[PDB]
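Here are the chains, one letter per residue:
4 protein chains.
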Amino acid sequence: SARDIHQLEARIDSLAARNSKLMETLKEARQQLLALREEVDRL
Amino acid sequence: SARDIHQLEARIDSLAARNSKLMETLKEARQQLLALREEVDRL
Amino acid sequence: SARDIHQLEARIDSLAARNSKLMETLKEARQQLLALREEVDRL
Amino acid sequence: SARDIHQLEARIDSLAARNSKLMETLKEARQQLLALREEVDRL
Numbered sequence: 052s053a054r055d056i057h058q059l060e061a062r063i064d065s066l067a068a069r070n071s072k073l074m075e076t077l078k079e080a081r082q083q084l085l086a087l088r089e090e091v092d093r094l
Numbered sequence: 052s053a054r055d056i057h058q059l060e061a062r063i064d065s066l067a068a069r070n071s072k073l074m075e076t077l078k079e080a081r082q083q084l085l086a087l088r089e090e091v092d093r094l
Numbered sequence: 052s053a054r055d056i057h058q059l060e061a062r063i064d065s066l067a068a069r070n071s072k073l074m075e076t077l078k079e080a081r082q083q084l085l086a087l088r089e090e091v092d093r094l
Numbered sequence: 052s053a054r055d056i057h058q059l060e061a062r063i064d065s066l067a068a069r070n071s072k073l074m075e076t077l078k079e080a081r082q083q084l085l086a087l088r089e090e091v092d093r094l
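As you go down the protein sequences, you meet chains D, B, C and A in turn.
Offset between the first sequence (1-based) and the deposited numbering: plus 51.
Offset between the second sequence (1-based) and the deposited numbering: plus 51.
Offset between the third sequence (1-based) and the deposited numbering: plus 51.
Offset between the fourth sequence (1-based) and the deposited numbering: plus 51.
If you are wondering where the hints come from, they were derived from the structure by calculation, not from laboratory data.
Incorrect hints may appear among the rest.
Distance ranges between label pairs, derived from CB positions [unchecked claim]:
1. B:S52 / C:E60: 55 to 63 Å
2. D:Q82 / A:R54: 23 to 31 Å
3. B:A86 / A:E79: 54 to 62 Å
4. C:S65 / A:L94: 13 to 21 Å
5. B:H57 / A:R93: 50 to 58 Å
6. D:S52 / B:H57: 57 to 65 Å
Heads up, the beta-carbon is just placed ideally off N, CA and C, and yes, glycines get one too.
The following block holds chain D by itself, in its conformation from the complex:
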C-alpha cells in the first residue's frame, strides 16, 4: 500500500501549499489595511 501513502501524502502536500498561499495573501492584506488606516488619517 505504498500507493495509498503517497496518494495521501500528495494530497496533504497540496493542502499545505494552499495553506501557504492563504498566509502570503493574508500578509499582503494586513499591509494594505495598515496603509489604508494611515491614508484615512492623512484625511
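Fit chains B, C and A to the given chain D structure using the hints.
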C-alpha cells in the same frame, strides 16, 4: 480630494480582490480536505 | 489500524472545522469591506 | 466630519481584527496539517 477618495477606493478595491482570492483558495482547500477524508475512509 | 484511521479522521475533521471558521470570518470581512467602500463614497 | 473619519477608522479596525483572527486560525491549520503528514508517515 477627488484625489483622496479615488486613492482610498483603489486601496479598498485591492483589499476586496485579495478577499476574493482568499475565498476561492479556501473553497479549493475544502474540496481537497473532503477528498482526503474519503481516501482515508477507503483504508 | 482502525485506531490509526480514527486518529487520522479526528485530525482531518479538525482541519475541516478550521476551514469553516476561516470561510465564515472571510465572509464577514467581505461584508465589512463593501460597507467601507460605500462609506468612503458617501464622502 | 471628524466623525466621518472615526466611523472609517472603526471599520478599518474591525477588518484588521478579522485579519488577525484569520492569520491565527491559519497558523493552527498549518501545525495540524504538519502533524497529519507525520501521522500518515508513521503509516
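Worksheet item: Against the structure shown, which of the earlier numbered hints fail to hold, in ascending order?
Response: Hint 3 is the one this structure does not satisfy, whereas the remaining hints hold.
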